[PDB]
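Here you get one chain, nothing else, as structure tokens; it is the form solved without the ligand.
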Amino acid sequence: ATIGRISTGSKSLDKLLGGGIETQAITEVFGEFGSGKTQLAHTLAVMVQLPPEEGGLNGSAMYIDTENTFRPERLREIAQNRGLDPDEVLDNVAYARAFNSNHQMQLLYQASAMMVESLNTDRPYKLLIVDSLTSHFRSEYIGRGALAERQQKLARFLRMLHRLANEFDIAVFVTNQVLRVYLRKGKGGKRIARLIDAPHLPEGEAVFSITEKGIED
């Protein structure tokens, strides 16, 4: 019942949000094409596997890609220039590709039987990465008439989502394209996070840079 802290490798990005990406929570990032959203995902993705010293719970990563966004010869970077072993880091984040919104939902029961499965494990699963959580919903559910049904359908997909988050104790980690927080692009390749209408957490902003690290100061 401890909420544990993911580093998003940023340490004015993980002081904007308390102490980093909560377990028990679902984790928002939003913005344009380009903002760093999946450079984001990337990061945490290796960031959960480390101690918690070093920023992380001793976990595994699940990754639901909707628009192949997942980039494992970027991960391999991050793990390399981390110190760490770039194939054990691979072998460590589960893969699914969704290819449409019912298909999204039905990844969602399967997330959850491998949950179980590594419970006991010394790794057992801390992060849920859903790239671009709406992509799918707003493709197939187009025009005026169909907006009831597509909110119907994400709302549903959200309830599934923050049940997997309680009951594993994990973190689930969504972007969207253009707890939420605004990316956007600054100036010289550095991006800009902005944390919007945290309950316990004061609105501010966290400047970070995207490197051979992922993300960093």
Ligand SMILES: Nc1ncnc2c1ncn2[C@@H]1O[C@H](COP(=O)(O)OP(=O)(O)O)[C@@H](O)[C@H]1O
Contents of the next structure:
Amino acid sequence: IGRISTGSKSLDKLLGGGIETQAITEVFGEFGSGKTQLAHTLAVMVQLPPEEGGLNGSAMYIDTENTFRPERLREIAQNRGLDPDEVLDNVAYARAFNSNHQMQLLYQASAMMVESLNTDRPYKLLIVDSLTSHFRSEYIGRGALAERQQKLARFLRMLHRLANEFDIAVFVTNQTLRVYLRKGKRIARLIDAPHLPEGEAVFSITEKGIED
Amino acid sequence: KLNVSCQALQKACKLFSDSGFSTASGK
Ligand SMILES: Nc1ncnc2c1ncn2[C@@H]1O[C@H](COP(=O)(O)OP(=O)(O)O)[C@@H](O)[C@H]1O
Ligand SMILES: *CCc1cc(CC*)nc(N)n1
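Having seen the form solved without the ligand, could you now give me the structure of the form solved in complex with the ligand?
Entire complex below, previous chain first.
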């Protein structure tokens, strides 16, 4: 049950130290609420030692909405005193053009995690940006809802299996642990957290990604 | 580009029956 720091101390106290492994943390909010910025920040933070809030790991980023920015990871790494090239080498990225491809990527991810095991930098984080984007776009009409819901549910079950088997933290953005983001100082609110206390945290988006 | 062998992909499908990835650098 390792924990990855968000880059923000107040957001970390709200999450009980940061996002947990063997779990799926879902951040929901409108465009610009900080979801994608929090994903880019986590992709850097995971690579740090546990004293510095990371897990000496690598990160996987599934991009469904054309939001992944390597130059953003470079900026966050540089402004946090890390080598940007090494950070970029430790983040695996794949763009999903439709729901089917999105699920297919989870089997390819499973394979890379097995390989990452026995290394000094195993994969510890899997990010899925806009988890429902394709499902909503491809399934319009009450008739397609059954397949839409079942396909999403199947994807989430696979994410849980990947998390529980490879001891990885799963982080998903949407327009188990649910966090609502809303609008420089953004606000984060826990949604009926099962073990953590009800509450809110104020955070900023900077050249260091997410921070107090 | 991060290649996964057909064999590795088969093991993955087996494990969860009971275009790909690239490093951010562009490999
Ligand atoms: N390089 C950057 N430096 C500072 N702030 C940035 C940078 N890139 C993006 N932002 C901020 O992040 C906001 C977008 O947030 P984001 O989480 O990516 O939205 P979404 O999750 O809906 O895709 C922008 O409105 C801007 O204020
Ligand atoms: C190489 C055989 C293979 C396996 C799978 C998933 C188990 N998918 C594809 N496309 N090909």
